[PDB]
Amino acid sequence: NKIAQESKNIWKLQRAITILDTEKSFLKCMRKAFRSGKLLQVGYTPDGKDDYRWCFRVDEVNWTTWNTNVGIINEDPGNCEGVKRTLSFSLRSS
Amino acid sequence: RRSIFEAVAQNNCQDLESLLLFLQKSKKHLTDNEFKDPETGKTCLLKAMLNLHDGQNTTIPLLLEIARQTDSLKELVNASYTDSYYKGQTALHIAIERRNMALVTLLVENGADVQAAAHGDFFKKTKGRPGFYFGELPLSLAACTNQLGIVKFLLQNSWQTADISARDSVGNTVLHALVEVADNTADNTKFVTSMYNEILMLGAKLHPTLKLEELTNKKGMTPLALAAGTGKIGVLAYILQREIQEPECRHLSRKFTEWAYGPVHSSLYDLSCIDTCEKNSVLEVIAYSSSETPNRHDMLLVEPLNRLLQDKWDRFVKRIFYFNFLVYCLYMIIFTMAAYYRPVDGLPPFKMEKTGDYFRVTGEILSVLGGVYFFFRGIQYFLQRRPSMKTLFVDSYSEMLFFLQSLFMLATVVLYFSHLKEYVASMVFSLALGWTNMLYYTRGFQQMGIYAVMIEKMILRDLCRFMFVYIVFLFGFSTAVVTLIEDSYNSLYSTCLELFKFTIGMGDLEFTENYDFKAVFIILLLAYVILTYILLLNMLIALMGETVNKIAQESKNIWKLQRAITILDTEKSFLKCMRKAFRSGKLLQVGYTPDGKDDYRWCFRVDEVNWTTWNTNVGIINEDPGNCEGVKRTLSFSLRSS
Ligand SMILES: CCCCCCCCCCCCCCCCCC(=O)OC[C@H](COP(=O)(O)O[C@@H]1[C@H](O)[C@H](O)[C@@H](O)[C@H](O)[C@H]1O)OC(=O)CCCCCCCCCCCCCCCCC
Ligand SMILES: CCCCCCCC/C=C/CCCCCCCC(=O)O[C@@H](COC(=O)CCCCCCCCCCCCCCC)COP(=O)([O-])OCC[N+](C)(C)C
Ligand SMILES: CCCCCCCC/C=C/CCCCCCCC(=O)O[C@@H](COC(=O)CCCCCCCCCCCCCCC)COP(=O)([O-])OCC[N+](C)(C)C
Ligand SMILES: CCCCCCCC/C=C/CCCCCCCC(=O)O[C@@H](COC(=O)CCCCCCCCCCCCCCC)COP(=O)([O-])OCC[N+](C)(C)C
Ligand SMILES: CCCCCCCC/C=C/CCCCCCCC(=O)O[C@@H](COC(=O)CCCCCCCCCCCCCCC)COP(=O)([O-])OCC[N+](C)(C)C
Ligand SMILES: CCCCCCCC/C=C/CCCCCCCC(=O)O[C@@H](COC(=O)CCCCCCCCCCCCCCC)COP(=O)([O-])OCC[N+](C)(C)C
Ligand SMILES: CCCCCCCC/C=C\CCCCCCCC(=O)O[C@@H](COC(=O)CCCCCCCCCCCCCCC)COP(=O)([O-])OCC[N+](C)(C)C
Ligand SMILES: CCCCCCCC/C=C\CCCCCCCC(=O)O[C@@H](COC(=O)CCCCCCCCCCCCCCC)COP(=O)([O-])OCC[N+](C)(C)C
Ligand SMILES: CCCCCCCC/C=C\CCCCCCCC(=O)O[C@@H](COC(=O)CCCCCCCCCCCCCCC)COP(=O)([O-])OCC[N+](C)(C)C
Ligand SMILES: CCCCCCCCCCCCC
Ligand code: NA
Numbered sequence: 688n689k690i691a692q693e694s695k696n697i698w699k700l701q702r703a704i705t706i707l708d709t710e711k712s713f714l715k716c717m718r719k720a721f722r723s724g725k726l727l728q729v730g731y732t733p734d735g736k737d738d739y740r741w742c743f744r745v746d747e748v749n750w751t752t753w754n755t756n757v758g759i760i761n762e763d764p765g766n767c768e769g770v771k772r773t774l775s776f777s778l779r780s781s
Numbered sequence: 115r116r117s118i119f120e121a122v123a124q125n126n127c128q129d130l131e132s133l134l135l136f137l138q139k140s141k142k143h144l145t146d147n148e149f150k151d152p153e154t155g156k157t158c159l160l161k162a163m164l165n166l167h168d169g170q171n172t173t174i175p176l177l178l179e180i181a182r183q184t185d186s187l188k189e190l191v192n193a194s195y196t197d198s199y200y201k202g203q204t205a206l207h208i209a210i211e212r213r214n215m216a217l218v219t220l221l222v223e224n225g226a227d228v229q230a231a232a233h234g235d236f237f238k239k240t241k242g243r244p245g246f247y248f249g250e251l252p253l254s255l256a257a258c259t260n261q262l263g264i265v266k267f268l269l270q271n272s273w274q275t276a277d278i279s280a281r282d283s284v285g286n287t288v289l290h291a292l293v294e295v296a297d298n299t300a301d302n303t304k305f306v307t308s309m310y311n312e313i314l315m316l317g318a319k320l321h322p323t324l325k326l327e328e329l330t331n332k333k334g335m336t337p338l339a340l341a342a343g344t345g346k347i348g349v350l351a352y353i354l355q356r357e358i359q360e361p362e363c364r365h366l367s368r369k370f371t372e373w374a375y376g377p378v379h380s381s382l383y384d385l386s387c388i389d390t391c392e393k394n395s396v397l398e399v400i401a402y403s404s405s406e407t408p409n410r411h412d413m414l415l416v417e418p419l420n421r422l423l424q425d426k427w428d429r430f431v432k433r434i435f436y437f438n439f440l441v442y443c444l445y446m447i448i449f450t451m452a453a454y455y456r457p458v459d460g461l462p463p464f465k466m467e468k469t470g471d472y473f474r475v476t477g478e479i480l481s482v483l484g485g486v487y488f489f490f491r492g493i494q495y496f497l498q499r500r501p502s503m504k505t506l507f508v509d510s511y512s513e514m515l516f517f518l519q520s521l522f523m524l525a526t527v528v529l530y531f532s533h534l535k536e537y538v539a540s541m542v543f544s545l546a547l548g549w550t551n552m553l554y555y556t557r558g559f560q561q562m563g564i565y566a567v568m569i570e571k572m573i574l575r576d577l578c579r580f581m582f583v584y585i586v587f588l589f590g591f592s593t594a595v596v597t598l599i600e601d627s628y629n630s631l632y633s634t635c636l637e638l639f640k641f642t643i644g645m646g647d648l649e650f651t652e653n654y655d656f657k658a659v660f661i662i663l664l665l666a667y668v669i670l671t672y673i674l675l676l677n678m679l680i681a682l683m684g685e686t687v688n689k690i691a692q693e694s695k696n697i698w699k700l701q702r703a704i705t706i707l708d709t710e711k712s713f714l715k716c717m718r719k720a721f722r723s724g725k726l727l728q729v730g731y732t733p734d735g736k737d738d739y740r741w742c743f744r745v746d747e748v749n750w751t752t753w754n755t756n757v758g759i760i761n762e763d764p765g766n767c768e769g770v771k772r773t774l775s776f777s778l779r780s781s
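Residue numbers (the UniProt record's numbering), protein chains in the order written: chain R, 688 to 781; chain W, 115 to 601, 627 to 781.
One chain only, chain R, in its complex shape:
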């Protein structure tokens, strides 16, 4: 009754140590780890240069915060992965 959630979270840590050891066992085999991510332009660095980062995408849905004039959206004009986007001349300026 008590260890139901604790056992699920020891499991995910067990699986995690397997994920890491698998990565660390194959620095030579395949190449490294397949990088688990993508190098995306989130914006611009404060010195004006590009801010490219290895970033993980998580689609999310929200039925309460409808309007939310974000602006902080980094590539709105293309609205997905698709092909390369516009970068949205909003907040970024460089």
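Misleading hints may appear alongside valid ones.
[What the hints assert, rightly or not] Below, in silico cross-link-like pairs of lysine-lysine (DSS-like), each with a Cα-Cα straight-line distance of 30 angstroms or less:
hint : chain 1 : residue 1 : chain 2 : residue 2
1    : R       : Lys-771   : W       : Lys-150
2    : R       : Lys-711   : R       : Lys-725
3    : R       : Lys-695   : W       : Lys-689
4    : W       : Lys-715   : W       : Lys-393
5    : W       : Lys-238   : R       : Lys-771
6    : W       : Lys-139   : W       : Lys-238
7    : R       : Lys-699   : W       : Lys-241
8    : W       : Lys-695   : W       : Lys-393
[Said to hold, decoys possible] Anything over 10 angstroms on all C-beta distances counts as not near chain R; from chain W, calculated:
hint : residue
9    : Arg-115
10   : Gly-492
11   : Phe-496
12   : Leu-524
13   : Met-568
14   : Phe-582
15   : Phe-721
These aren't lab readings, by the way, just hints derived from the structure by calculation. Virtual Cβ for every residue (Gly too), placed ideally from N, Cα, C.
Keeping the supplied structure of chain R fixed, place chain W with the ligands upon it in accordance with the hints.
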């Protein structure tokens, strides 16, 4: 060009007038079409609303001025993305997502078709990829965006009115699209049911002779059946308990009141598209659902579906089901005597000598008939449904075990005429399956049915997890024991068989002296009967208790679905026998159709009592002056007038 999207992007309406002057001197028409952003199809208009600032660019008014003076205004507003991934997303769709009431007004003045189909892959069904499906049409975008002002606008603006009845690529109308977008969360459910009401009410003000909910998409699905086939319980609950108090939108109600004498009030639920209807019944779509199909088990707790099935149960299916249990018991009593009293001398088939040997053949012939019967009922279940390989093994646990029983029967026939003693091997399995399959017929009984659902769940989560680890340990230490044994229990079967005697409490810790190391032999069995008997069996009990605590309500709602599939199959088995299903309802006048004619509907009565809403000047009561079934009523000259 390059600088135009730069200037349409940057809110700077000074350089544009210089290019109003430029495009004047060629044509503006193809040149804007040549100034569509390649690889996307963005003319300058779509670019503008993308890069807005506080709800206005201030180039959007100007870019309309370039297009109204100089010819061909339509090809700027009717324009859209050209790519296959945003195919058909006109600039009108943009204003609806960015929640700009104004720009929806501005564009529709200048054309901007309100029926532009946003075909693009971003705008298609779930796809397992990023995207938002709303129904491809701007009216459906507004409904799925919490823009009720933009809904009412696009239907009565002044110039071009949206079509409530129009369909998308997949045939889904707006209301279908309100079902596809639901996600079984409260705030979505609060909304979609609110917005489902308004368009559904609006479609009685405009186009008062349509009945939107009867509209079927490409897959022949209505918004109700699509809510039931896709697991949408909140929308289903809304559509089914729908009561609209407005006069000219009362016929669109679905939960009526027939009388209210004090706290008592008798409600009527329509049964259109729930009972054995034409295309897709809500009971069939719920009962015969694929296994993913979320909330299969909760969609029937939505009133009146419990009472409606419990009505069918108590009226014709209960008396038929108990006859099915009887004829199966007799069948099991007859295949059991025909097997108990089998020949034990010579090879099959076996000639007849005495009268006692005649009775069994009547029991053996008659026993094969049921195997043929339960064999075809499994072929019918296959072709009447076409279940996928997944659904075949994950929710059809009954039909598997009656069909499987049938296969051992026919194999018992193939071998009884092929001169082989292995008919007995199949014949005893068909018995053991058969008697275990009386646990099927515990589903006519609430306490025994729920009991047998728990048996199902225990087998699948608790015992299958158990028997993996137990067989790993068993075979594990078994090999370690027989390896140690030297010349008898020097076998892997007899050691695996002796190590299974421990769990059943029949384990000798000295079933061999034919070894050379005794510490090794007993440390290895103590290791076994601690990690299997003490630990893993008593752990199993602990897991079951955890399970029973959780599946209490889930097992009651798998039971009601089990019973429901029996109700439906009983109906569908007797299209010819009695007549159909006894109709489970009554044809009552709920009111008048908006064209003045009678609104007769097959409706289910539910008496209800209320000790809080005492006064409730309903008016929506449909036959108050007679206050019950009784004899025919007055119809109550209130709200109805025809
Ligand atoms: C490599 C091997 C290849 C094998 C290929 C072929 C495999 C064929 C068998 C597969 C199954 C083998 C047994 C293990 C699985 C579990 C069995 C069990 O509990 O399923 C309960 C079943 C429920 O019904 P339903 O389906 O209507 O319920 C569904 C269901 O709840 C669904 O989730 C709901 O969504 C849906 O609404 C609802 O409707 O209830 C009965 O089936 C009646 C009771 C039956 C008795 C239950 C006890 C155990 C029976 C099996 C043991 C038989 C003993 C004799 C064996 C002799 C030979 C060794
Ligand atoms: C030829 C002779 C053949 C053998 C004799 C049998 C012949 C065939 C017999 C056919 C008739 C079936 C029994 C009907 C009993 C009355 C119904 C009733 O009111 O039940 C009550 C409970 O009662 C139980 O729960 C009883 C036990 C249920 C398990 C099955 C017993 C079957 C009896 C025989 C076993 C034979 C085994 C096989 C033997 C080979 C009501 O049910 P409930 O719990 O309230 O749930 C109902 C659902 N609801 C409440 C949500 C609405
Ligand atoms: C040799 C070892 C044998 C057992 C190995 C088993 C595999 C190893 C590990 C299993 C547990 C981990 C896997 C989980 C799978 C989840 C997906 C799923 O649908 O699972 C289903 C079956 O999942 C099974 O694993 C059942 C497979 C065997 C069926 C029973 C055969 C009899 C076994 C008897 C023991 C003797 C064995 C034979 C004699 C030795 C159960 O999930 P569900 O029903 O969907 O639950 C929710 C239902 N709902 C969505 C409608 C609410
Ligand atoms: C699902 C079943 C439940 C009921 C059974 C419960 C036990 C598990 C069932 C297991 C099924 C396999 C049984 C043994 C193999 C077949 C016979 C054979 O040829 O054996 C050979 C292999 O000799 C060994 O010592 C065995 C080596 C490993 C074989 C099994 C692999 C793992 C199977 C899964 C293991 C479980 C863990 C993983 C899965 C959870 C020799 O041994 P023998 O048999 O004597 O062969 C004749 C030799 N003789 C000529 C000298 C006489
Ligand atoms: C939904 C849930 C309910 C339904 C459940 C449905 C059924 C569930 C159960 C399923 C289990 C069915 C197993 C097969 C049939 C019995 C074995 C057999 O035929 O033995 C024969 C041959 O056997 C061998 O030769 C096997 C050799 C490997 C031993 C491993 C299996 C031990 C069997 C027991 C494991 C118990 C494990 C208990 C826990 C799993 C007899 O052997 P023998 O000729 O006298 O001696 C040869 C010895 N030697 C060849 C090895 C040297
Ligand atoms: C979980 C992780 C892995 C764990 C690994 C664990 C294993 C580690 C251990 C490894 C060592 C195992 C023993 C090696 C062999 C010794 C000799 C032998 O077996 O028999 C000899 C003597 O037989 C006897 O019965 C006399 C006593 C023998 C020594 C007993 C040591 C007990 C250690 C307890 C340690 C507890 C460890 C608890 C571990 C939790 C030979 O004589 P026989 O002909 O066979 O005897 C029959 C005649 N008689 C009836 C007169 C006796
Ligand atoms: C409430 C429910 C549960 C309780 C009651 C359960 C049922 C009654 C309880 C127990 C049964 C008691 C024994 C029966 C007689 C022995 C066998 C026999 O004579 O014929 C054969 C098999 O028998 C059959 O296949 C069935 C028919 C038997 C013959 C008499 C008519 C019975 C009708 C029953 C109608 C169906 C059942 C009733 C429903 C319609 C024998 O075959 P043989 O190869 O010649 O073997 C020699 C046998 N002898 C030497 C002994 C002769
Ligand atoms: C010596 C003895 C003297 C006394 C004799 C006493 C005789 C005693 C009586 C019967 C003995 C056995 C005869 C066959 C019936 C087998 C059992 C059976 O059908 O159970 C069914 C009841 O069945 C019914 O309610 C209808 C009766 C069967 C009609 C067809 C018989 C097969 C003929 C050939 C047809 C070939 C073509 C097939 C298509 C027509 C079970 O009900 P169900 O609702 O189906 O539920 C099970 C299915 N499910 C769980 C998977 C959902
Ligand atoms: C889904 C499938 C398609 C469905 C639609 C169409 C279905 C087909 C239509 C009609 C039915 C016909 C089916 C084929 C029967 C062929 C004969 C036969 O099986 O003999 C078996 C006998 O039996 C035994 O040895 C023990 C009992 C097992 C028999 C299982 C048969 C049914 C399948 C149940 C599966 C259980 C396992 C799954 C559950 C755990 C095998 O042994 P044998 O051959 O007699 O060996 C000696 C004889 N020999 C020398 C000639 C070799
Ligand atoms: C106990 C039921 C019958 C067991 C034998 C099966 C083979 C067929 C027997 C009768 C012939 C049927 C066509
Ligand atoms: Na014991």
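To see whether the hints hold, each was checked on the structure:
no., hint, result
1, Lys-771(R) to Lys-150(W), "17 angstroms, holds"
2, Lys-711(R) to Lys-725(R), "20 angstroms, holds"
3, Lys-695(R) to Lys-689(W), "17 angstroms, holds"
4, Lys-715(W) to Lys-393(W), "19 angstroms, holds"
5, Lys-238(W) to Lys-771(R), "20 angstroms, holds"
6, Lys-139(W) to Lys-238(W), "42 angstroms, violated"
7, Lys-699(R) to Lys-241(W), "28 angstroms, holds"
8, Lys-695(W) to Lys-393(W), "29 angstroms, holds"
9, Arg-115, "16 angstroms, holds"
10, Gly-492, "38 angstroms, holds"
11, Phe-496, "38 angstroms, holds"
12, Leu-524, "45 angstroms, holds"
13, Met-568, "18 angstroms, holds"
14, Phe-582, "16 angstroms, holds"
15, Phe-721, "43 angstroms, holds"
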